[PDB]
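There are 4 protein chains.
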Amino acid sequence: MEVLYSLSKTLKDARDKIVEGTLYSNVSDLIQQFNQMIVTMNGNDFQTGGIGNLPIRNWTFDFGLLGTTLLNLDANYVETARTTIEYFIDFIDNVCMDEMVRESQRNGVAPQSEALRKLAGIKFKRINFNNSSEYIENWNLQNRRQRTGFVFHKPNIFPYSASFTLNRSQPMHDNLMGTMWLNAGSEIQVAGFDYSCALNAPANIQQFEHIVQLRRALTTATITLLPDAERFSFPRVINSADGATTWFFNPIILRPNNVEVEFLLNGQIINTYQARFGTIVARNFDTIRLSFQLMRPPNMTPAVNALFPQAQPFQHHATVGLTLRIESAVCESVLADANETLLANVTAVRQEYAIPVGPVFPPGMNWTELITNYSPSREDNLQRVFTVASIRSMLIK
Amino acid sequence: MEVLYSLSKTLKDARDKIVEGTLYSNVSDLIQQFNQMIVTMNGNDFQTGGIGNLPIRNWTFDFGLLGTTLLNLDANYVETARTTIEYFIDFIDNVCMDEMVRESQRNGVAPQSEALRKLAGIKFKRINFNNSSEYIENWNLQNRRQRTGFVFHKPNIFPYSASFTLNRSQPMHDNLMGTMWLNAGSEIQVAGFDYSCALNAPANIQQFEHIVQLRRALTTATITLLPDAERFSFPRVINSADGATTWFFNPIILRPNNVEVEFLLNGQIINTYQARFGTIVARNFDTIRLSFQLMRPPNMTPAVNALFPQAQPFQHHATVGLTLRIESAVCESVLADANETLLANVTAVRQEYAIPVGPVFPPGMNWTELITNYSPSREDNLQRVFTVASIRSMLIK
Amino acid sequence: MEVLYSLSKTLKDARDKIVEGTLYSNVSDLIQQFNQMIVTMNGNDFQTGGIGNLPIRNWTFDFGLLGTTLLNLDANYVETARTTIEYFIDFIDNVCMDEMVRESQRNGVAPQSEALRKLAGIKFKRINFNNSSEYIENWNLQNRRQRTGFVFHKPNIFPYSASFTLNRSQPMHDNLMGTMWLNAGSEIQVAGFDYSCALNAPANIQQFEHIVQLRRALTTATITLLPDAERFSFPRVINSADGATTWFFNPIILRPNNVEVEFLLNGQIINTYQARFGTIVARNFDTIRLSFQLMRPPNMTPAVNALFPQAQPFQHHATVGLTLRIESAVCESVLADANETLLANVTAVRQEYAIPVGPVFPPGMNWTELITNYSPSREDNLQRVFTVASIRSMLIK
Amino acid sequence: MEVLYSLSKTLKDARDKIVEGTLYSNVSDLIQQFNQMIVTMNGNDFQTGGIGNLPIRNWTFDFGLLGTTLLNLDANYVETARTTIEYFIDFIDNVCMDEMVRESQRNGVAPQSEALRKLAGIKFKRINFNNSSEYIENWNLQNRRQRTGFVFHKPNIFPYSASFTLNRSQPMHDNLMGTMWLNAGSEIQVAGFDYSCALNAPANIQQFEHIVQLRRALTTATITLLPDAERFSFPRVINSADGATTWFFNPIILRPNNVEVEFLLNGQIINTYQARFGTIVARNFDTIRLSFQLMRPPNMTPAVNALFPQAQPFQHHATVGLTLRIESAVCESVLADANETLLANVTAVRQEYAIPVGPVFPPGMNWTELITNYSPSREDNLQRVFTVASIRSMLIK
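Top to bottom, those sequences are chains E, D, I and G.
Per PDB author numbering, numbering of the first sequence is gapless, rising by one per residue and ending at 397.
Per PDB author numbering, numbering of the second sequence is gapless, rising by one per residue and ending at 397.
Per PDB author numbering, numbering of the third sequence is gapless, rising by one per residue and ending at 397.
Per PDB author numbering, numbering of the fourth sequence is gapless, rising by one per residue and ending at 397.
Quick caveat, the hints were computed from the structure, so don't treat them as lab data.
Wrong hints could be hidden among the right ones.
Said to hold, decoys possible - Below, in silico cross-link-like pairs of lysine to any residue (SDA-like), each with a Cα-Cα straight-line distance of 20 Å or less:
1) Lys397/G - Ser377/D
2) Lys123/D - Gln142/E
3) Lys125/E - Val151/E
4) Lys125/D - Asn76/E
5) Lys118/I - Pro171/E
6) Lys123/I - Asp29/G
7) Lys118/D - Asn58/G
8) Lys12/I - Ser25/G
9) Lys397/G - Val151/I
10) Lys397/D - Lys125/D
11) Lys125/D - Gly64/G
12) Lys17/I - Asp29/G
As the list claims (entries may be wrong) - Taking CB as the label site, the calculated pair distances span:
13) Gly178/I - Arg82/E: 51 to 61 Å
14) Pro309/G - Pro202/I: 38 to 48 Å
15) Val330/E - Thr368/I: 53 to 63 Å
16) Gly178/I - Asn257/D: 34 to 44 Å
17) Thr368/I - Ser28/E: 53 to 63 Å
18) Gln47/D - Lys118/E: 51 to 61 Å
Using N, Cα and C, we set each Cβ at its ideal position, and we do this for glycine too.
Just need the whole structure built from these sequences, with the hints factored in.
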């Protein structure tokens with residue numbers, strides 16, 4: 001795969017630097033590299049595809065070395081180079097598409113795609129060029145065990161889940177208390193609600209807690225924490241736990257008092273912020289613990305006093321919420337983002353040719369079901385297909 | 001254009017690489033490029049500006065070549081290079097602004113700005129250095145017909161439009177049914193509202209449909225789909241269709257059931273997802289069809305039953321929402337984003353010097369109109385101006 | 001594929017110019033070219049077909065050269081030449097069919113069909129003869145992007161669409177105003193109708209509009225505008241808007257007065273013709289904006305009086321009409337036309353072998369849904385298959 | 001003019017035949033032609049435009065020649081050639097546009113447009129390449145006075161005229177007889193009508209005749225003659241000849257018995273066809289005499305008997321029609337067609353630049369008024385501008 005990245009990089013560099021009229025001093029090293037690639041690939045035949053509707057294609061390389069007796073590139077040089085480069089780009093695109101669809105429960109990081117295996121052979125090592133991109137750098141770092149790292153902007157670390165726990169409930173659903181929440185991508189929104197506005201509670205203070213167990217530890221994450229979860233502050237009717245009935249939820253948004261957000265790694269408090277909204281940092285963490293409180297306001301003008309009776313009906317239901325966006329972070333393992341397009345590329349390549357459901361990845365590369373269960377084999381295969389997708393997206397957009 | 005980018009690239013690399021103490025091994029190739037630029041631009045007169053408040057400037061080049069005998073760069077070398085580089089950088093800035101401020105109804109891709117037009121001649125073809133940047137690489141890949149592609153983070157593809165349709169209504173506005181929708185930037189929010197909560201709909205399900213046709217096909221776009229449109233989940237008073245009378249809206253947010261989202265290209269369905277929220281993908285799509293349903297809850301707790309009567313009043317109005325954010329995408333033609341600054345640079349350069357409204361671009365370059373009407377002429381000019389803006393932003397920030 | 005066109009051109013020239021008794025001077029250069037072609041193609045093996053019912057064929061060339069020491073061609077020379085030419089024409093026909101059947105959503109300009117993709121290599125650049133045909137010259141221009149144009153006799157730009165709009169209506173469809181139109185091929189036929197014959201209208205004038213939005217802008221179009229649209233000028237019964245009932249339409253044609261035709265390009269009034277009929281010209285346009293008026297006759301004979309009463313019955317319904325035939329036009333992109341058989345040739349080659357439906361083209365190459373949705377990928381695939389079809393028709397008819 | 005056509009022809013052949021990899025034998029003669037053009041255009045200054053909004057542009061030529069000894073062309077060769085060819089194409093386009101907007105009552109054929117008038121000198125005679133196209137060949141043959149001919153597909157010889165004659169009438173317009181005719185483009189739809197159905201005519205026959213006198217005689221024309229003109233065969237309300245009052249017209253269609261079409265050339269009956277429909281041929285003609293007869297049916301079943309009474313009211317009016325399409329023709333002087341964009345090009349070039357209305361052509365170059373009065377000066381200027389536009393179309397579309 002280092003070889004595949006090097007072919008992609010040198011093809012990009014050749015399509016970039018080899019232009020009409022450019023100095024030969026500007027591309028002498030590139031021409032040396034490109035000739036090394038040409039001599040290494042000549043006299044070799046590859047076969048790509050053969051899964052799903054992805055068609056079989058046969059490649060045979062017999063090309064001519066680019067010239068070196070030229071002081072300043074002219075049109076002949078560029079035209080010959082581009083006839084070669086188009087073919088090489090098409091070959092690389094097909095190889096990347098072929099490897100992105102293969103899949104192995106055992107030995108995931110190893111290369112599938114017998115064409116790409118032949119590339120992984122020993123006589124193609126000399127095509128190696130440089131490994132500067134993030135994904136290939138992390139690939140090499142992991143192949144020689146070492147601290148990897150990817151920077152993600154708004155990562156999809158949370159599996160999608162909207163739900164609610166009712167700590168107090170009745171069949172009538174007239175007097176409830178609990179927490180609703182939505183985790184999605186980089187967004188957390190939690191809303192602890194109490195229909196009685198914390199009357200019977202000790203000291204008129206109702207505690208709410210939410211635990212979010214990340215599937216992979218993040219690092220040096222910047223987080224934006226705000227009060228008043230928006231999505232749980234309008235009147236809804238929610239199907240009950242088993243769907244037997246539907247209960248009405250009519251929020252009135254109090255202020256979450258003495259909130260406390262803790263970022264935990266193996267249970268150790270790595271960071272903690274007590275009533276400090278706005279941008280904050282989580283040094284290193286695989287769990288989040290948001291603990292807030294619904295305190296009944298002691299003083300109350302007649303309007304809010306009318307809102308909160310002490311009898312049974314409770315026409316308006318108190319709610320306090322928190323919103324938490326992971327604006328950016330650093331993860332040791334690969335994830336989808338709002339910035340990268342790797343998940344889209346892989347899923348689209350699978351969907352173009354209707355690749356059958358394989359052993360490890362879920363149907364359709366559903367990211368939610370992929371990240372809920374993120375076992376090591378699945379992570380290995382995901383890293384492999386993601387780095388191949390990165391190599392492809394280097395040349396193909 | 002290619003030569004202008006080349007000048008910008010070599011000046012950037014001169015400003016960066018040529019610093020005191022640097023080995024000549026690190027700048028040999030760049031010094032050769034710089035000397036070639038000096039020789040091939042010596043004794044040529046350029047004249048930039050002459051539109052609006054952009055001042056007319058005359059540029060004459062007579063600069064000495066740079067040394068080669070050195071082992072390590074020293075303070076003399078850096079000083080000569082710095083003097084030359086500042087002049088070239090000002091010249092490049094003015095050429096880029098002169099090219100950005102101009103338009104052309106016909107033959108948009110061809111260069112305006114007689115300075116750049118002179119640059120486009122055979123005389124300066126020896127300056128092409130390497131077309132590495134994404135914008136120039138796509139410029140070449142389109143200048144000879146190949147599959148270009150730009151990657152975007154939150155591309156504002158949707159022209160701003162907040163509006164509604166009423167499939168059932170009457171002047172008293174007591175019993176409405178219809179949809180509201182806001183498309184803005186890269187987010188769609190659509191809410192179907194029935195005042196009668198699908199009381200008399202067949203099977204107590206009210207069907208809602210929302211079709212949005214993107215002005216350009218988006219390739220391998222990763223999307224975030226979530227329920228419960230926020231912006232239409234709170235009470236409002238909205239104008240009538242005619243603007244005569246204002247009508248009250250007071251939603252209660254049911255869930256959207258058996259929601260289907262269909263990504264369509266040329267009418268044909270490319271992708272379709274059945275009640276699958278969270279992160280999803282779209283291979284290609286000229287358009288999006290969000291279909292959903294308001295199902296009256298069959299088993300209703302007394303609270304929600306009180307909310308939904310069989311009578312006429314209908315004090316609370318049932319609704320179901322959807323929100324869809326294009327987190328990233330790949331399009332064949334340029335657009336503004338939440339990451340790039342090209343539209344900002346272009347509009348700012350126009351507004352600084354008060355360029356009169358030209359043939360093709362709207363007044364003030366408002367993206368809403370500039371994407372509502374996105375004719376091929378406008379697209380060609382926009383690509384030209386954006387590539388020039390990127391060339392400028394390589395150096396001037 | 002310019003090499004493919006060159007092969008076709010030289011084989012046609014060989015079949016035409018190499019005839020017995022012709023002076024060697026008439027065919028010396030052609031013999032030189034044909035020998036170049038033979039030497040280039042010798043020892044190269046091609047594979048064609050394998051999609052649908054198109055059979056797999058293998059081509060191997062080892063053909064002797066034609067002499068040059070003959071002062072004046074005789075029968076045997078022509079016999080050997082034609083023995084070679086028949087084989088070459090067979091190979092070219094098969095390659096062209098193979099390239100026409102295939103199809104590509106992404107990167108449609110490039111060749112499919114391994115035979116043609118091998119012809120695109122560098123060994124075969126010496127076959128390039130010339131590019132005289134309109135389609136190949138446009139191909140070369142657009143590839144090395146330039147302003148281009150295809151001249152079409154009576155284009156079928158408009159997709160088939162027969163319909164009507166009812167501005168005034170009843171459930172009984174007794175008293176209707178509105179428009180009827182058929183856009184088909186090169187011909188617009190639009191007729192406004194008023195059942196009351198401008199009884200209550202302002203100043204006994206009823207205004208009728210009709211916008212038609214060409215998918216691609218046409219240039220230097222010659223148009224024939226006549227009054228009295230025929231097809232909507234006799235009794236009919238037309239289904240309702242939703243198909244519930246059917247309404248009777250008994251037209252008596254008035255005369256369309258102060259007719260206007262505005263030819264628009266991007267909302268810009270390029271041309272305007274008022275009270276003009278017969279041959280007109282639209283130098284460049286993108287939509288046709290027809291407008292006409294139904295004036296109640298101020299003076300009336302007793303017969304016309306009896307036709308049009310002031311009361312409710314309205315036995316006879318006044319109509320005004322307009323026919324607009326685009327005789328010839330010039331377009332940037334390809335379009336089926338009534339002069340050349342490109343679409344028919346491509347469609348026939350698909351049907352003769354039952355090619356399964358591909359990604360981009362409609363099923364059966366249905367021109368109506370091909371032109372209604374005419375995205376860039378569809379357009380460039382159409383250009384490729386049209387060019388190959390012309391190349392084939394240079395030899396096979 | 002011949003020189004301008006030779007410039008266009010050699011540029012077109014340069015753009016076609018001078019392509020990558022072609023043998024030198026394929027383009028030797030063209031290369032020497034190109035060198036001749038360059039040498040004889042060097043050192044000469046031309047000025048173009050100055051009328052209307054044509055910019056006053058200045059052309060100066062100093063270009064290098066093209067190599068001779070290389071045995072097979074290549075990319076850089078084509079690059080130099082293309083750098084020259086683009087400028088020459090621009091110059092020719094501007095010269096043609098400048099010539100197409102000039103007129104002269106006296107000596108129209110002579111060249112206006114001082115650029116072309118300079119090209120008409122003895123210096124530029126060495127450019128003359130070969131006058132192959134139809135328009136240039138007839139230009140030469142008609143200057144050196146000889147017989148010429150333009151082949152036309154549906155020539156719009158007939159000026160647009162829809163009208164009628166009443167051989168019987170009343171102030172009521174209730175019992176009429178006469179003819180109506182549309183002469184438009186290549187179409188003659190003529191319909192005789194009789195409100196009495198030839199009741200009191202001799203032998204129950206009513207004679208109708210229509211004389212259509214061409215402006216210029218046509219040669220070897222194929223004419224499609226069909227019965228039952230579809231255009232006048234439905235209800236109408238028609239203003240009177242004076243415009244005072246309108247009259248109803250309610251056709252019932254008989255076939256025209258013993259129709260007789262005579263094609264006349266200066267009185268003599270060149271051709272005559274009795275009772276022959278479908279395609280026919282007129283070898284040489286200048287006037288068309290269409291005679292037909294409305295014979296009342298002798299035997300007449302009860303429904304049609306009810307239609308035709310012996311009394312006065314005459315609710316239905318008998319008519320016999322004829323349709324005549326000049327499908328093809330050959331004309332001595334120039335005309336517009338449905339197969340050539342020459343009138344369209346000239347009118348477009350005038351309308352783009354808003355040329356003030358000149359002596360000879362009508363305002364707007366409307367073909368109806370340009371053919372109604374077609375005096376020899378107008379014909380000469382029209383032929384000049386048409387051949388100039390033909391020259392332009394060889395390069396610009």
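Here is how each hint holds up against the structure:
1. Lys397/G - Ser377/D: holds (17 Å)
2. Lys123/D - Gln142/E: violated (50 Å)
3. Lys125/E - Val151/E: Violated, at roughly 29 Å.
4. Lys125/D - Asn76/E: holds (15 Å)
5. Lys118/I - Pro171/E: The hint is violated at about 74 Å.
6. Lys123/I - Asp29/G: violated (26 Å)
7. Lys118/D - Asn58/G: holds (16 Å)
8. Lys12/I - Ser25/G: holds (18 Å)
9. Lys397/G - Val151/I: holds (8 Å)
10. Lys397/D - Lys125/D: Not OK: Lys397/D and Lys125/D at ~27 Å, beyond 20 Å, violated.
11. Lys125/D - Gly64/G: holds (18 Å)
12. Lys17/I - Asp29/G: Given that 20 Å is the threshold and the Cα spacing comes to 18 Å, the pair holds.
13. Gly178/I - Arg82/E: 51 to 61 Å: holds (58 Å)
14. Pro309/G - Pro202/I: 38 to 48 Å: Holds: the Cβ-Cβ distance is about 42 Å, inside 38 to 48 Å.
15. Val330/E - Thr368/I: 53 to 63 Å: Holds - the Cβ-Cβ distance for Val330/E and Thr368/I, about 54 Å, lies within 53 to 63 Å.
16. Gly178/I - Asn257/D: 34 to 44 Å: holds (39 Å)
17. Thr368/I - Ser28/E: 53 to 63 Å: At 57 Å between Cβs, range holds.
18. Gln47/D - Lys118/E: 51 to 61 Å: holds (59 Å)
In this structure, the earlier hints numbered 2, 3, 5, 6, 10 are contradicted, and the remaining ones agree with it.
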